[PDB]
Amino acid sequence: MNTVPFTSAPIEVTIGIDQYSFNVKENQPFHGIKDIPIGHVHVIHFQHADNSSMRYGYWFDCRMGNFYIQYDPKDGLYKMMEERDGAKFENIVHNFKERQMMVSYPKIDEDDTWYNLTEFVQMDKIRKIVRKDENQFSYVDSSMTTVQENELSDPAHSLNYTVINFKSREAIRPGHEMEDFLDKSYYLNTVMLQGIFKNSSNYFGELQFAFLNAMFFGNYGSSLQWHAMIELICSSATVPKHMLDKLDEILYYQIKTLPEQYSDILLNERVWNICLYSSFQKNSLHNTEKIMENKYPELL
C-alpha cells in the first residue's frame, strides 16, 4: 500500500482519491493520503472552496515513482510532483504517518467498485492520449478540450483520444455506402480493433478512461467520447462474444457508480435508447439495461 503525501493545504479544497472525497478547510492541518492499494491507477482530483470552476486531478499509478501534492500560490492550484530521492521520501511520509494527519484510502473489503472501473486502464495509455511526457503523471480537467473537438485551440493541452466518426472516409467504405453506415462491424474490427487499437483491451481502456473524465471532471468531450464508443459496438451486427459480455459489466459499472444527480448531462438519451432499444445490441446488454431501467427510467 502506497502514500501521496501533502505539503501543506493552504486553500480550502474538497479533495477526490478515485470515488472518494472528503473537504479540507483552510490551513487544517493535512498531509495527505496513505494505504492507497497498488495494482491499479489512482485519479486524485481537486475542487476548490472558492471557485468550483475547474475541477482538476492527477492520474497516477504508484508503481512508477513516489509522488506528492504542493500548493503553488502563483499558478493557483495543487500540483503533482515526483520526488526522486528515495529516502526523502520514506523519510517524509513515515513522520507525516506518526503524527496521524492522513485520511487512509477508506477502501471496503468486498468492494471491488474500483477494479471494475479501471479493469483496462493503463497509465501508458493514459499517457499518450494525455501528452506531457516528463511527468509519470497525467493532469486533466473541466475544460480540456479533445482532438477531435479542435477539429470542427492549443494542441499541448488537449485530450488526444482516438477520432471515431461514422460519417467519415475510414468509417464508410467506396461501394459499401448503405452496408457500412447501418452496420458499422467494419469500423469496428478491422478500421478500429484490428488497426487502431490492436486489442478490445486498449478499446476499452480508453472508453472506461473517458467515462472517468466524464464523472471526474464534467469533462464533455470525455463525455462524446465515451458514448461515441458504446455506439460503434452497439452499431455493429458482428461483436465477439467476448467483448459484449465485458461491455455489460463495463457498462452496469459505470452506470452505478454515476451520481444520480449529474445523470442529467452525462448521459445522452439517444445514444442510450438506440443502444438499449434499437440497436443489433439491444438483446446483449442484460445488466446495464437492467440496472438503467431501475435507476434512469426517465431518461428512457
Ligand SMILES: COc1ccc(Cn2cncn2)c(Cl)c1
Second form
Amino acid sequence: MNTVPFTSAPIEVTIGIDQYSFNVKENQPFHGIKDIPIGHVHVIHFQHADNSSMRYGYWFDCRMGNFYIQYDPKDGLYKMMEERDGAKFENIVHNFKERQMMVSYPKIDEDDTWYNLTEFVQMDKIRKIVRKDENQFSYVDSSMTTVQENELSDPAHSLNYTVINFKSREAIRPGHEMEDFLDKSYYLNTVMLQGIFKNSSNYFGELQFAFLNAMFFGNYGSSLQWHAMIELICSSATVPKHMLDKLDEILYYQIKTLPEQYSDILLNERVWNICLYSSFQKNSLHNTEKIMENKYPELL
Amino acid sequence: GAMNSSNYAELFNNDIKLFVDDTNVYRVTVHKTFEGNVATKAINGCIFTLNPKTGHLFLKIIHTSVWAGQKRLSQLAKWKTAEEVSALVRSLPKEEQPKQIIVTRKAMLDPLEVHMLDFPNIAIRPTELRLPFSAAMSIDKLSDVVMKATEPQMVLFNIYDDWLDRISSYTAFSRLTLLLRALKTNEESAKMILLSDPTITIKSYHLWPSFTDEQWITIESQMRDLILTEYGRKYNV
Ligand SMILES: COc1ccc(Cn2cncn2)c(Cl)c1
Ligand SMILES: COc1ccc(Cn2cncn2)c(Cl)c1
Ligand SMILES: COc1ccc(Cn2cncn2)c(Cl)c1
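Form solved without the named molecule already given; the form deposited with the named molecule bound follows:
Below, the chain from earlier opens the complete complex, with every other chain and molecule after it.
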C-alpha cells in the first residue's frame, strides 16, 4: 500500500483520487492519502473552493517514486513533487500515519471499478501524451488543448493524443475513397493499430486515458479523442473479435462511472446513436448498449 | 460556408468555380416483373458540372455499365459523381482548376471532400438555393447525347450559347435558371414556348434557339407566366 503525504492544506479544496472526491477545509490538519493500491496508475486532482474554474491534477504510479503534494502560494496550486531521499520520506509518512492525519483509499471485496477503467493505461504512455520529462508524474488540467485542436497555442502544454481525422489522406487510400470512408477498417487496423499504436492495448490505453481526463477535468479535447477512438472502431467492419469484447467492457464501466448529471456534456449524441444503432458494431456492444439504454435513454 | 440569396453574386466574380449537380447521375425506370414484383432498369445518366461565369458545361455521361454488379446504387452514385469531378479537376491545368466547387445537394459534400483531399485549397460548398439543374435532361441535345451513349464519355457544351456576346454572366445565369425552372414545372408548355416559331432555329453548335434580344424578352415573359400559372394550377390560387 502506497502513500501520497501532503505538507499541509492551506486553502479550501475538493481533493479527488481516481473516482473518489472529498472536501478539505482551509488549514484543516490534513496530511494526505494512505493505502493507495500499488499496481495501477492513479490520479489526484483538485478543485479550489474559491474558484471552481481550473480542475487540475497529477497522474502518477507509486512504483516509479515517492511523491507528495505541497501547496505553492506563489503559483497558487497544490503541486506534486518527488522526494529522492527515501529515508527522509518513510520517516515523514510514518509520523503522519501515527498521528492519523491521513484519509484512507477504500478497499472492498466487491470493487474493480478503477482497475476496469485503467486496465490498459500505462504511465510510460501518459508521459508521451503529456510531455514534461523532468518529472515522473504528469500534470493535466481543464484548459489544456490537444495537438489536433491546436492545428485547427503553447505546444509545451499540449495533450499529444494521436491525431484521428476521418477525412484525411492518412485515413483514405487513393482509389478506395468510398470504401475506406464507409468502412474504416484500413485506418483502424493498418494505420492506427499496426502502424501507430502497435497493438490494441496501447490503443485502449489512450482511449481510457482520454475518457478519464474528460471526466475528471472536463477536458474538452480529451472528450473529442475518446469519441473518435470509439467511433473508429464502431465504423470498422473488420475488428479483431477480442477487441470488440474488450471495448464493450471498457465502455460499460466508463458509462457506469460517469456522473449522472454530467451526461449532457460528456456524451456525444451523434457518436453514441451511430455506434449503438447504425454502425457495423451496433450488435457487438451488448453490455454497453444495455447500460446506456437503462441509464441515459434520453440521449438516444 | 453555404451559397445562398445573400452571397449569390459571388458566382460571377473572377474566381473560377463550378456547380456540380448529381440528380441525373443514377436514373431508373420502375417496372413490373412477370411474377408481379417490381424491378428497376437503369438508363444512362449524366453529371452536370457548370462554370456559371463562362457557361462551360462539362457533361460527363454515366453509362449504365458503371452500375453492373454494384449494390446500394443511390449511394454509389454520389461517390461516382465525386470520383468523376475529381478526375476532371486533375485533368485541368492548375490555372484552370476551380477555387470552389458548389454542390447542389448536401449529400455530395462528404464524397467530394474525400475525393478532393489532394486539393486542400479547393473549397467544397453547399447551397441553400433550389436550383433547377435536374431539368438539364429536358434540353433535347443534352438528353440525346446521354441516351445515345454506348460507353462513358465527356461532352463539352456552352449552356449559354453565344449569349455572353450581348449580356453579362449574371443575366445569362438568370435566363438559364428561368428556362430550366420552366422546363421543370411544365416541360410540355415550356418546350412549346421555345419552339413554336419555326423561323427561329437552333444553330447546330447551340442548345437554344437564336432569339433576338426582343424575342428573348417575350420568351422570358412567357416563361414567367408559365411558372406563375402552374403555381396556381398546382396550389389553386
Ligand atoms: C509531505 O511530505 C513531504 C515529503 C518530503 C518533503 C521534503 N523534505 C522533508 N524533509 C526535508 N525535505 C516535504 Cl517538505 C514534505
Ligand atoms: C482517499 O479517498 C477517499 C475516498 C472517500 C472518502 C470519503 N469521503 C469523505 N468526504 C466525502 N467522501 C475520503 Cl475522506 C477519502
Ligand atoms: C480527435 O477528434 C477530434 C474531432 C473533432 C475535432 C474538431 N473540433 C471539434 N470541436 C473543436 N474542434 C478535433 Cl480537434 C478532434
